[PDB]
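**Q** Residue-level listing of the chains:
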Amino acid sequence: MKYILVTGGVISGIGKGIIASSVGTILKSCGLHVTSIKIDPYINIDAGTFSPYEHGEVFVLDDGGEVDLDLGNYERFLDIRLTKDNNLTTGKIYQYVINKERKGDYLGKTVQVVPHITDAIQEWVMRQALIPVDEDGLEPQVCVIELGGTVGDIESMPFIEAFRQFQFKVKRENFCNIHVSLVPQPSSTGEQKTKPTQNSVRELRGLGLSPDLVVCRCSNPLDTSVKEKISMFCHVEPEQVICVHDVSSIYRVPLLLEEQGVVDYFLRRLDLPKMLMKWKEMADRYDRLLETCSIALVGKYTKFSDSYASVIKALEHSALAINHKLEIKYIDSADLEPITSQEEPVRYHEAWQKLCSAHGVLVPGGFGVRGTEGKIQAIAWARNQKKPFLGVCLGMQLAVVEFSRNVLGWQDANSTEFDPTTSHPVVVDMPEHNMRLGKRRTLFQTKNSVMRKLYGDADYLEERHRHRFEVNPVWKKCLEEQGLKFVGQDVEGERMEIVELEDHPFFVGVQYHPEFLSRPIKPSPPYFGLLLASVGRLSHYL
Amino acid sequence: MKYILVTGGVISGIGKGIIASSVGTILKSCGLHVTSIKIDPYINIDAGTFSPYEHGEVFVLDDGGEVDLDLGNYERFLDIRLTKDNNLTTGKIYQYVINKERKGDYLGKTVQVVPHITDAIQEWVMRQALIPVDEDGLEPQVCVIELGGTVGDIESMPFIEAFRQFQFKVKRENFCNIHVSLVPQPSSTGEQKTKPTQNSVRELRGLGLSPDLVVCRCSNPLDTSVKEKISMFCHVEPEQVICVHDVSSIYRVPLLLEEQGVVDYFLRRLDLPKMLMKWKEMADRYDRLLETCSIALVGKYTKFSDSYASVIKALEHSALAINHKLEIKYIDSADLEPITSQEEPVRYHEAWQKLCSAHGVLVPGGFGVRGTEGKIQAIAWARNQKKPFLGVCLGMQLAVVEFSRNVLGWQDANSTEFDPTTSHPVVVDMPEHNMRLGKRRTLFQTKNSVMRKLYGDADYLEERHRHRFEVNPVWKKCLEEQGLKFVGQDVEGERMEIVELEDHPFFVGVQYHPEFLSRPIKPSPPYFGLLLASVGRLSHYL
Amino acid sequence: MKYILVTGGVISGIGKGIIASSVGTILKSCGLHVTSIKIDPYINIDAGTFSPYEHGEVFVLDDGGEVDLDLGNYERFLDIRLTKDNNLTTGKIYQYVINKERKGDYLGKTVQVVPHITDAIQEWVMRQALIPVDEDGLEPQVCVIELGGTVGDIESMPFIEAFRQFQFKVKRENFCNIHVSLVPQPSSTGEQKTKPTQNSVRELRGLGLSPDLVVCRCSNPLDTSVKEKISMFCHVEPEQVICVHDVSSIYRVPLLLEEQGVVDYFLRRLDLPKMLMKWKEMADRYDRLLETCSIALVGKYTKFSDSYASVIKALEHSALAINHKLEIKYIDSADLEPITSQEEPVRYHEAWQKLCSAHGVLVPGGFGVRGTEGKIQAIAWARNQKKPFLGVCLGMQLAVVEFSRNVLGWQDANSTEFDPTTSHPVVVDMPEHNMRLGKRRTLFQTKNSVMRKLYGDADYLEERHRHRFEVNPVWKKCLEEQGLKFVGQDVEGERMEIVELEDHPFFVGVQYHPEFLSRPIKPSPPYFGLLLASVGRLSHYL
Ligand SMILES: Nc1ncnc2c1ncn2[C@@H]1O[C@H](COP(=O)(O)OP(=O)(O)NP(=O)(O)O)[C@@H](O)[C@H]1O
Ligand SMILES: Nc1ncnc2c1ncn2[C@@H]1O[C@H](COP(=O)(O)OP(=O)(O)NP(=O)(O)O)[C@@H](O)[C@H]1O
Ligand SMILES: Nc1ncnc2c1ncn2[C@@H]1O[C@H](COP(=O)(O)OP(=O)(O)NP(=O)(O)O)[C@@H](O)[C@H]1O
Ligand SMILES: O=c1ccn([C@@H]2O[C@H](COP(=O)(O)OP(=O)(O)OP(=O)(O)O)[C@@H](O)[C@H]2O)c(=O)[nH]1
Ligand SMILES: O=c1ccn([C@@H]2O[C@H](COP(=O)(O)OP(=O)(O)OP(=O)(O)O)[C@@H](O)[C@H]2O)c(=O)[nH]1
Ligand SMILES: O=c1ccn([C@@H]2O[C@H](COP(=O)(O)OP(=O)(O)OP(=O)(O)O)[C@@H](O)[C@H]2O)c(=O)[nH]1
Ligand SMILES: NC(=O)CC[C@H](N)C(=O)O
Ligand SMILES: NC(=O)CC[C@H](N)C(=O)O
Ligand SMILES: NC(=O)CC[C@H](N)C(=O)O
Ligand SMILES: [Mg+2]
Ligand SMILES: [Mg+2]
Ligand SMILES: [Mg+2]
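Residue numbers (the entry's author numbering), protein chains in the order written: chain O, 1 to 273, 280 to 440, 448 to 555; chain Q, 1 to 273, 280 to 440, 448 to 555; chain F, 1 to 273, 280 to 440, 448 to 555.
Any given hint could turn out to be false.
The list that follows gives simulated cross-link-like pairs (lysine-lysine, BS3-like), each with its CA atoms no further than 27 Å apart [as the list claims (entries may be wrong)]: (1) O:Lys309 / Q:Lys229; (2) F:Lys169 / O:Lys227; (3) Q:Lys84 / O:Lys309; (4) Q:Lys84 / F:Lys169.
Stretches of chain O that chain F covers, calculated by requiring three or more beta carbons in the stretch to come under 8 Å of a beta carbon on chain F [stated by the list, open to error]: (5) 201-214; (6) 227-238.
Since the hints were made in silico from the structure, they are not lab data. Cβ coordinates follow ideal geometry from the N, Cα and C atoms, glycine included.
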């Protein structure tokens with residue numbers, strides 16, 4: 001096995017997960033099988049409890065692991081299928097060591113941070129680094145470990161101490177460490193200041209790791225004097241300091257690391273034996295593209311961009327496949343609510359100006375009441391104005407509620423997530439009996462859905478879910494005698510998984526999250542359908 | 001005595017010297033007498049060896065101390081007269097303790113970093129904090145100590161350990177600590193990231209100082225969530241975290257600290273008993295000003311703004327006194343050289359486009375050959391085109407060389423600093439016999462100089478010098494029978510200190526550095542003369 | 001060059017200077033030329049100011065360097081001749097870097113702890129490691145650097161940081177690090193506790209040095225479980241942990257390191273190509295010896311054993327050469343004073359019981375009044391009772407005072423060090439005109462001195478001095494017409510360097526310090542003379 005540890009220097013949210021992914025695409029381009037581990041020093045067992053404002057959206061794996069969005073950056077770049085335990089946490093590690101102590105497996109000896117926690121971290125890294133994550137059952141050859149947080153955080157020190165031991169448990173050709181650090185450049189002075197990178201390398205060295213690369217993150221490229229100053233004080237050779245400046249899209253980061261020479265580094269550093283050309287082409291297309299498309303994103307969590315991270319990537323993959331610039335008009339759905347118009351009318355009219363000037367609309371997934379009435383407002387707009395619509399998870403449920411309120415005329419209709427008093431309870435709590450969570454098979458129930466044609470006319474699809482709630486089979490017929498067709502359903506037909514509306518340019522609900530299976534050269538079919546429909550090309554594609 | 005220690009967090013060049021000066025103006029505005037110490041953790045005894053690219057320009061004190069430019073920020077804001085030993089260094093401290101050990105004053109005991117170096121730091125701070133630096137012989141009441149560098153630099157630790165002891169040598173009402181730290185905000189995310197400030201406060205706490213204020217330096221104001229996060233992790237009350245965002249001029253920093261409430265803090269923190283209005287007025291005038299003046303700065307050291315720091319402040323004081331915006335056209339003097347035109351013609355024509363479009367020209371001081379021929383080129387332009395001219399130190403010497411080459415016609419004429427082969431050696435090496450260094454008295458030798466009128470028609474002036482070279486008294490008469498009048502000279506008349514040219518709008522050489530005595534409401538008369546002349550108002554002022 | 005850095009772990013005064021010397025004898029036994037450097041992190045330039053209670057006695061080198069007593073441990077074991085600069089201090093380093101900055105040799109750049117102090121430490125170590133210190137002008141092959149103090153002392157960190165850089169400035173075969181640490185064993189528990197060694201290795205690793213040997217200092221040998229626990233937590237192989245338990249004499253430490261296997265370590269660790283047998287023989291003789299001799303040591307500084315360290319070694323070398331156990335009766339000379347008898351009579355009678363039961367007496371060197379009258383009391387005893395006497399430096403001066411007071415009858419006679427009012431000023435302040450300090454040549458002025466016979470009947474000897482005071486040539490004749498013969502004098506005959514008394518078994522004064530040239534198989538002739546005389550064998554030897 002080869003192991004690459006990517007450590008964070010001065011801040012988190014620095015791009016360290018794009019460096020870890022870019023290194024994984026460079027090694028993938030050398031023909032190697034690549035896997036990844038995200039270490040999150042937090043004490044949570046999984047991401048499944050998080051409010052989307054903490055660390056961005058919750059990504060879902062094939063096995064139903066609710067994980068950090070960095071597991072989505074690895075899957076997008078490497079086109080792998082990670083498992084629950086490729087996210088490693090101090091919660092998962094202390095729970096594992098604690099259960100192993102209660103079972104008596106430490107043979108009546110005292111269990112400690114060193115050795116016993118740091119041994120469990122090294123066991124876990126080796127155990128996961130051997131699991132096949134490519135499309136073939138081939139063992140990985142290199143494992144990129146990204147350590148979340150920054151060095152010298154108290155939560156991080158068990159992992160830095162575990163990798164301090166690991167770099168001698170394995171021969172030097174098998175372990176390498178990249179340190180990703182900030183080089184700030186304040187407006188008052190215009191010097192790029194290297195001191196925080198010097199202190200960060202000195203902390204990493206003081207915890208017993210020598211960085212094999214220093215990756216300086218800065219807004220614009222290093223001056224040679226600043227790159228030589230880093231070399232003097234960080235005790236690293238001039239070709240061994242990399243700058244990753246702000247690029248036009250993340251597809252230029254593998255190519256920026258290739259210009260800075262890391263491929264010619266890892267081949268001599270790790271005793272190793280064309281595909282960067284597709285990242286080159288994609289990046290050069292993205293820079294060349296010149297006419298816009300615009301999607302309204304009718305978000306609940308609209309405070310931060312990272313709260314819709316895989317959705318924004320699925321819209322960008324689809325826009326690059328249809329050769330358009332993408333303008334995501336971010337709308338806080340609470341501003342579409344008619345209660346906002348009574349007291350915050352400048353927010354109400356800004357949201358509606360954005361929603362009306364959009365070429366198509368996306369109602370993404372979510373949980374709990376806040377913003378729901380604005381999502382229903384935007385679906386009603388999309389029906390009546392005939393604007394192309396994608397409803398994801400919550401957006402399918404709220405399309406069934408909207409069609410109940412304003413097509414069947416059931417003005418009291420709601421999901422029983424949001425109002426459990428409701429008569430006409432058209433969406434219902436419906437758990438698993440083994448939450449419809451992780452990968453499941455959907456079967457098509459028709460030949461002639463536009464979604465069946467976008468999915469390439471196989472009789473099934475396999476897709477990933479979060480939800481707890483479903484379309485009620487007592488009210489299914491009352492929706493089907495009118496304009497909604499539940500084109501996709503589960504293997505037993507108890508659950509509605511895809512809905513399509515009659516006599517609308519494109520209006521689809523999906524119960525799963527298509528964005529998790531979007532890949533840079535292969536957009537998820539629903540997001541491609543919305544992009545095609547909003548530029549008018551969905552009729553030509555069929 | 002009261003003591004305020006200002007510490008730097010994440011980078012140096014953060015504005016920590018403007019915070020230390022602003023705190024000094026707030027305490028000055030509470031009617032207190034204020035003094036300052038700059039601690040430089042470097043091993044240099046003084047700034048007198050530095051190339052101006054290291055830590056900016058060399059400031060000169062009344063006593064001839066060559067010191068850091070922060071001693072100039074204190075003098076500009078507090079209008080004090082600091083001494084050589086208000087700059088404290090590890091060089092000065094280890095030399096002091098080493099001489100004290102060789103003299104036997106440590107009584108045959110072993111001398112150590114603790115106690116003996118840390119005791120000498122506390123002795124020195126107390127000794128200097130009692131020296132009168134105001135215009136009256138009044139003892140200071142508060143001493144602002146600024147610690148240069150950042151916390152957790154190996155050079156800084158003797159001083160952090162000395163102040164850890166000091167905060168218990170004096171009662172709590174007498175000692176207070178401000179920590180100035182960076183809060184970066186990367187373009188990729190737009191979160192203000194507080195982690196480096198948390199780590200910096202945790203380092204300062206770990207070295208045994210609790211910050212009484214945390215001053216967050218950021219490009220734009222803190223969100224309340226980010227200010228509350230700093231409070232949680234830095235263990236500091238919400239009103240005790242200050243943001244100092246990027247302001248339009250440094251005159252808004254005392255007022256920004258007043259809005260953020262530090263005056264209402266120090267009055268309760270330090271057991272203490280109108281003038282911010284003049285900083286308010288100056289800042290509001292500077293924002294209102296609307297028509298430009300432009301000075302060409304014919305610099306040697308033009309790579310960095312901080313290399314002409316007191317000169318830029320003297321031009322800004324003069325421009326605010328004549329009510330104009332100032333556009334300093336920074337010219338690297340080497341680009342005016344006719345050798346540049348042979349191989350770098352785009353640099354040559356850019357420099358000459360800047361020099362010709364300037365309303366007046368400043369040739370500032372310096373040392374050694376490089377760029378000298380471009381300074382002579384610009385003085386020749388200023389004579390022939392009749393553009394207003396100020397020559398400072400080197401610029402007076404090169405005005406006497408220029409007038410020799412192109413008015414007397416002595417084409418071989420040079421300073422013997424630059425060419426010791428020279429016939430007609432019009433500028434000569436001439437040391438002191440006690448370098449004409451520090452404050453000295455100049456006497457006027459005439460009634461009717463425009464410089465005597467700008468200096469308010471006293472028969473003498475007292476000004477500060479760096480130089481080693483002077484105008485040769487063997488060639489003085491040959492210049493005086495033509496257009497140069499040496500209007501100002503030393504008490505014995507051996508040295509030429511001011512020169513004025515006949516039949517030119519304003520063309521003056523000064524041998525001293527006027528910029529060191531510029532104060533925000535009182536510009537130095539030569540820089541005011543250049544500003545008045547270049548906008549045409551010097552004729553009206555007389 | 002090869003370099004061995006010996007670092008101290010938990011306490012100083014651990015035996016780290018005997019490990020550094022023992023490693024030097026092992027490499028000497030492999031036929032290598034060996035040199036040593038003592039680094040003292042203290043700020044003193046030299047040991048010449050120290051009260052003998054700080055760090056023990058002041059050792060004098062051939063060149064007149066007043067240095068630490070570890071430079072004497074190296075000279076005794078390696079039989080080398082070290083120079084002033086083989087003692088390196090933060091005083092000497094900061095003075096060297098400070099003078100180099102004032103001379104401008106750092107080219108107008110800022111001087112720092114890193115690089116400039118840490119570079120000067122590496123320059124100095126390389127510069128001194130090449131100086132010949134053996135009897136031939138042969139370049140050293142290995143340099144043992146001992147770092148005084150303990151790791152993680154604030155004074156030590158410049159040197160740990162300099163050796164962190166040095167271990168990569170030179171190839172791995174050329175640099176090796178030994179860490180000497182305490183393993184305490186408290187009476188309440190009887191576990192040998194390894195935690196302070198784990199923390200000390202973790203501090204040394206955290207400062208960036210990996211210990212190539214861990215030398216555990218404990219009262220009795222490590223249990224194998226305790227040696228294996230050190231290996232687990234200190235990350236060091238079981239054969240790479242050494243115990244140096246308390247031995248019967250220091251001659252067993254090279255042999256204890258040989259049993260523990262360090263010779264078979266350095267030969268593979270440092271790429272290297280019988281004499282331990284003489285240390286084996288000496289140690290086995292010392293254990294076998296069975297009948298005593300006893301010397302009264304009439305000390306001023308008698309509070310601590312280390313205050314007479316080279317004197318105790320010179321007495322032990324002489325006792326091992328005459329095949330006796332040595333019982334040094336340590337007497338505080340102030341207790342022999344007749345003023346003590348008036349108020350502390352149990353101290354007075356204990357001191358006199360010790361002095362009378364001694365077989366011979368040594369009055370060692372010193373400075374200043376306190377204890378002088380007790381040294382005169384013991385010399386008067388030694389004359390009148392005919393007990394063998396050695397007076398060293400101060401003891402020669404006080405023999406000339408004693409013979410004045412009680413043989414010439416000049417009851418007011420004193421040294422002018424102690425009473426400058428004195429009539430008959432028989433000892434006088436007499437500086438050098440180039448202090449008679451370092452090595453000087455003494456010439457014999459006679460054929461038939463017992464000291465000339467003990468020195469092997471060469472017409473000169475070369476010996477090392479501290480003193481400022483001498484026997485007065487105005488009173489020389491008045492002493493020579495009676496029983497004192499000044500048998501040894503300087504090259505010009507102005508100074509008395511050796512004195513012998515007529516009709517006494519052995520009564521000699523020496524003005525130099527013979528103890529500094531004592532070597533384990535070659536005692537200094539005066540100390541051998543005292544040992545021979547006190548067991549009666551000096552008559553047989555002649
Ligand atoms: N070179 C770059 N230029 C511009 N944007 C970038 C660059 N690299 C990464 N980004 C974006 O910057 C943001 C931060 O990247 P990310 O990789 O998520 O940070 P991280 O440090 O890895 N966070 P954490 O998971 O909290 O430890 C992401 O939205 C990236 O897509
Ligand atoms: N709030 C502010 N907004 C914009 N510019 C500022 C602000 N405060 C200070 N500056 C300017 O920022 C630069 C850095 O200030 P300075 O006070 O010299 O940094 P410093 O940390 O004090 N440097 P050092 O002396 O090297 O320890 C100076 O040119 C200031 O004039
Ligand atoms: N193995 C041992 N057993 C018994 N005594 C010893 C042993 N090793 C050394 N000693 C003695 O212990 C004392 C301490 O040794 P020394 O080598 O002077 O300590 P150090 O740590 O080297 N001191 P410093 O010079 O202050 O950094 C000396 O008197 C040695 O002679
Ligand atoms: O990718 C990850 C994963 C997990 N974590 C975990 O979250 C903890 C907090 O790491 P943060 O990056 O959030 O630092 P902060 O909140 O203290 O300051 P900000 O810059 O964010 O304002 C980390 O110490 C780590 O345990 C991350 O930080 N990043
Ligand atoms: O105001 C001062 C005075 C002195 N110094 C002294 O200069 C040393 C270097 O402090 P720097 O601020 O120059 O840090 P750096 O050069 O290592 O990295 P950059 O951000 O500058 O690229 C400090 O450790 C301190 O000893 C300052 O830094 N600032
Ligand atoms: O051999 C030497 C030489 C010099 N020094 C210098 O003396 C300083 C003090 O080192 P000490 O060993 O004396 O420690 P301490 O006095 O603080 O506590 P004790 O165990 O001695 O009671 C050290 O930090 C170092 O600078 C030594 O300690 N040992
Ligand atoms: N992730 C989602 O959007 C789930 C949709 C709905 N709240 C549910 O929880 O069942
Ligand atoms: N500071 C200066 O400009 C000095 C001018 C000239 N070089 C001199 O040194 O004398
Ligand atoms: N070291 C000594 O004993 C010196 C002896 C005498 N005090 C002198 O100083 O001259
Ligand atoms: Mg990340
Ligand atoms: Mg400053
Ligand atoms: Mg020692």
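**Q** Would you mind marking each hint as holding or not holding in the structure?
**A** Comparing the hints with the structure gives:
Distance check on the hinted pair: O:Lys309 and Q:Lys229 sit about 17 Å apart at the alpha-carbon level, within 27 Å; holds. Proximity of F:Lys169 to O:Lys227 is assessed by CA-CA distance (about 21 Å); at most 27 Å being required, the pair is judged to hold. Proximity of Q:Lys84 to O:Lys309 is assessed by CA-CA distance (about 54 Å); at most 27 Å being required, the pair is judged violated. For the given pair, Q:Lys84 sits about 39 Å from F:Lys169 by alpha-carbon distance, which is inconsistent with the 27 Å threshold.
Counting residues of the region 201-214 of chain O whose C-beta sits closer than 8 Å to any C-beta of chain F gives 4, which meets the bar of three, so the coverage hint holds. Here's how the region 227-238 of chain O fares: 3 of its residues keep a CB closer than 8 Å to some CB of chain F, so the rule of at least three is met and the hint holds.
The earlier numbered hints that this structure contradicts are 3 and 4.
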